[PDB]
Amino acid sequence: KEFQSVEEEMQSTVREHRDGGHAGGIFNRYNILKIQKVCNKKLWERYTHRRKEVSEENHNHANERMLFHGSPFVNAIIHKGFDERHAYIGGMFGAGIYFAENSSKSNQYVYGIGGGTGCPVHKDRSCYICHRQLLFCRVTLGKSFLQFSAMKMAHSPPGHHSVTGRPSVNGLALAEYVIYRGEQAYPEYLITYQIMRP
């Protein structure tokens, strides 16, 4: 039932992307192959210690959410954790770690920014053959700064613990959530899947 809940979140949050599938491929659903619960006690303690600290700074509320993260470095993340030292100021909300509430938005980043050159075997961003991996993460948002337009920051805004990118006509199509401290996310589930041909 635990993994069925994860499959449901993965499938139901798929959306039609404005780039016509350029970055992540053309699909309406996935073929979910594996769902593995990541058990990293040192990373979990780092996460819960920070979560308690954020809660005390946000009226006894962590404002935790389960969010997706796509990256070519998922295997490094499950072992070493999220690391803001690998984040650079170039992004929409600057040098943060980015998460999506729509799995298909995170799928656009599995092979790199804008989908890179796609899978290493066929160099195809819309590869239906190669197995992809996504993370479904615990993310502590705390006091989240609501923002619509690009704001390149190095750290959370003063008094805040994260940034929420909200959709707008000139801006974002879908929401995104940005943390500036790696310990504010835990890679709880490793999802192995394929995008499926419509």
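Residue numbers count along the first chain shown, from 1. Note that the rigid core is defined as the largest set of C-alphas that superpose within 1.5 Å between two forms. What changes on going to the form deposited in another entry:
- With the rigid core aligned between the two forms, the listed residues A62, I32, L43, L172 include just one Cα displaced by at least 2 Å, namely that of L172.
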Second form
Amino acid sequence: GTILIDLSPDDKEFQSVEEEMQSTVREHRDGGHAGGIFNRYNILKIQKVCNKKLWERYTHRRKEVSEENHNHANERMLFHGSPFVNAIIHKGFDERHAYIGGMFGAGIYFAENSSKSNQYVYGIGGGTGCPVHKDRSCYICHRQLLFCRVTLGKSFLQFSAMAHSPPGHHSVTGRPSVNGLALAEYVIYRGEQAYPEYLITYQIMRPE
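In place of the form deposited in one PDB entry, the structure of the form deposited in another entry is requested.
A single chain, with no partners or molecules, comes next.
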């Protein structure tokens, strides 16, 4: 079902997506432990993920959410890192991708900071790092993230230092209160509320 289309780096669509990736890198409180030490990425490839059944699953669910929230899907584009991106792009999101120990419950987590999603590319807390070098800060191996269309609907606002949504909500917003430089994180509880739109292949870059 899924087919992947290479975007040219001269295409505006590519550039828009790259810019969203580069401009939402921040520093992490773990000093780079989970995700590596870097200020920027080497973007190697960006692919559009095209799957009819998964798209229609998304848009059908989105209409439902919209109708339950003053005609407002509250659709965002957000990052998702995972060692199972190959399974997500082919079969879509489901409970297997839920973060069971998540601070805002057992749901599927997304980030506004590309660097936050980068922390989960090799598993929770970076796992054991890249398969080839067992290095969480590997500058050599290729990483992949997803840049997804996520339907948030009415989103429970949780300030902060597969389950169900809170009643009358379609998602949760984890908004950092302490780190003012940290962007929001969002959780959904149905896989049908995200479409994995772009697969981004990259390396983290070692700082000068």
